[PDB]
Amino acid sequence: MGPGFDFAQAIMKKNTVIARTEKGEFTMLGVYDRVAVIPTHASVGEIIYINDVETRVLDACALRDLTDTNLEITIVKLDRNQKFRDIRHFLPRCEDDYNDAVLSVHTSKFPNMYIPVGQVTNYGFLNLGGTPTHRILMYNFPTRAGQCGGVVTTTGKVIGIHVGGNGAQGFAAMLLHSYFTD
């Protein structure tokens, strides 16, 4: 409807797939080559469904910071016959706060969903479902199950993926450029 939603749609329509694990359907962001991200709590195994196609997982890493604290991002390399548009140049280099963010989700259940979540806070530490978690972004929107893996964008930047919420607020794990140095 405006430039915020224009940037979000541009990411969703080229750089997401529907990922299915035994824990459910997730919005999965593709970053470059056959490399994609998903919340760690999706529990990625050796085989994953990608747009309902059985797909071997070539590698997967649940990321932690150098303090050995959970980041709640799993980076997946997919045995797929097609590369993602390379969007690594939209990723921020540093931890930050933002204005005017959009949370965008695409599953069988929530296709073509865009939420204007507003101001994004560099919240930092959160006890997320009993897991100490670092580099958490917070927005004041009442997010619901089905939105995990949702992409958080400003105009010009892909800043994070939705990983949880408490009924009043939503929580995203930061994406940083340094996660995807080739």
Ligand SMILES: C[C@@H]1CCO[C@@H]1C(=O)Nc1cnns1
Contents of the next structure:
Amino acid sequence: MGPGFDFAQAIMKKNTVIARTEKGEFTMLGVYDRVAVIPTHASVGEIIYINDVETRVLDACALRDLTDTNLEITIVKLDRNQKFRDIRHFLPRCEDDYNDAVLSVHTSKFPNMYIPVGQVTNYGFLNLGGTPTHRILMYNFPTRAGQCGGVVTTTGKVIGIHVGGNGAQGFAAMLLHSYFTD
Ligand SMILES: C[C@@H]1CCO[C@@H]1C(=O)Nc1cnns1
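Now show me the form deposited with the ligand bound, since the one above was the form solved without the ligand.
Then the entire complex follows, led off by the chain already shown.
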């Protein structure tokens, strides 16, 4: 409807796939080459379905900070025959707050879904499903089951992926440029 939704659509249309694990269907953001991200609670194993195609997982790393605290991001390298558009230049370098963000989801259950979530707070610490988690972004929108893995953007930046909520607020794990240096 406006430039926020324009940027989010541009990311969704080239840099997402539908990922299926034994724990469900997730929005999965492709970052560069065959490297993507997904919430750690998706429990990626040796095989994953990408757009309903059986795909070998070449590497999967559940990220933690240097305090050995969960970040809820798993970086996955896929045995796929095609590269993602490289979007690493849209990732922020540092932890921050944001205005006027969009949460965008694409699954079987929720295709072509875009939510204007508004102001994003650098929340920091969250006890997420009983697990101490750092680098959490918060927005005041009643997100639901089915939105995990959704991409959080502002105009010009890809800032996080949706990892939970409490019925009133939603929570995303930050994406930082430093996670994807090669
Ligand atoms: C639905 C589950 C079970 C009960 O509470 C959980 C929850 O709030 N999930 C989410 C909210 N927003 N995004 S995921």
